[PDB]
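This document opens with one chain alone, in structure tokens, the form solved without the ligand.
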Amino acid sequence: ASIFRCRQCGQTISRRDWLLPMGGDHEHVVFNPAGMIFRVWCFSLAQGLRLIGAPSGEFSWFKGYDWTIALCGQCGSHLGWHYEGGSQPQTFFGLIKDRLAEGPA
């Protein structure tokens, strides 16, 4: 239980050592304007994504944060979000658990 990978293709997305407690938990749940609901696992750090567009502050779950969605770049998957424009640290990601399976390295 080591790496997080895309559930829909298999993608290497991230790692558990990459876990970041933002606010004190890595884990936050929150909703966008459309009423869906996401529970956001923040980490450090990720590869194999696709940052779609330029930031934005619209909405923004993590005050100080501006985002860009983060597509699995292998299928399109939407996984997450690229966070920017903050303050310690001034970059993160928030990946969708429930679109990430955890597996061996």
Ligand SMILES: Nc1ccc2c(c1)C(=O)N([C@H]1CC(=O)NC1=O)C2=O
The other form holds:
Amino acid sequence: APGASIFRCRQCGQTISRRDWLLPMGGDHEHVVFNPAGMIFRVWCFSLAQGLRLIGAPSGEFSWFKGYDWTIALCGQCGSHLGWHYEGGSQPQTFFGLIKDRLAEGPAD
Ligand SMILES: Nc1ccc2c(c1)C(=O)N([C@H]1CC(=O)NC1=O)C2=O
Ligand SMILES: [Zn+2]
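Now that the form solved without the ligand has been shown, please provide the structure of the form deposited with the ligand bound.
After this comes the whole thing, all chains and molecules, with the earlier chain placed first.
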């Protein structure tokens, strides 16, 4: 009965990802970053995620991950901004960077 298994949206409980899907980008699954508006994010990288809605077309502007374009990822249920989907890069071509404090971690369904 593991308690550290599944990540859900902190606001509504939508299933989003899994600890098993953590991805060590540049040797670390955690990346502490800031946006042009100065907001600091503790971003956890995941190979896969579900339950999101990706908004708009990709952009390379200000990307925290060299060679990747990003799209905003909202919770598909409640619209909470959960992070970004990254695409267009290499090894891997795509991944998710999700905001750790916006997810709740718990046991598997
Ligand atoms: N007009 C904007 C408003 C908010 C944000 C961005 C542009 C942007 O690019 N980012 C992140 C996404 C990224 O990969 N690097 C960042 O600084 C944001 O949070
Ligand atoms: Zn939600």
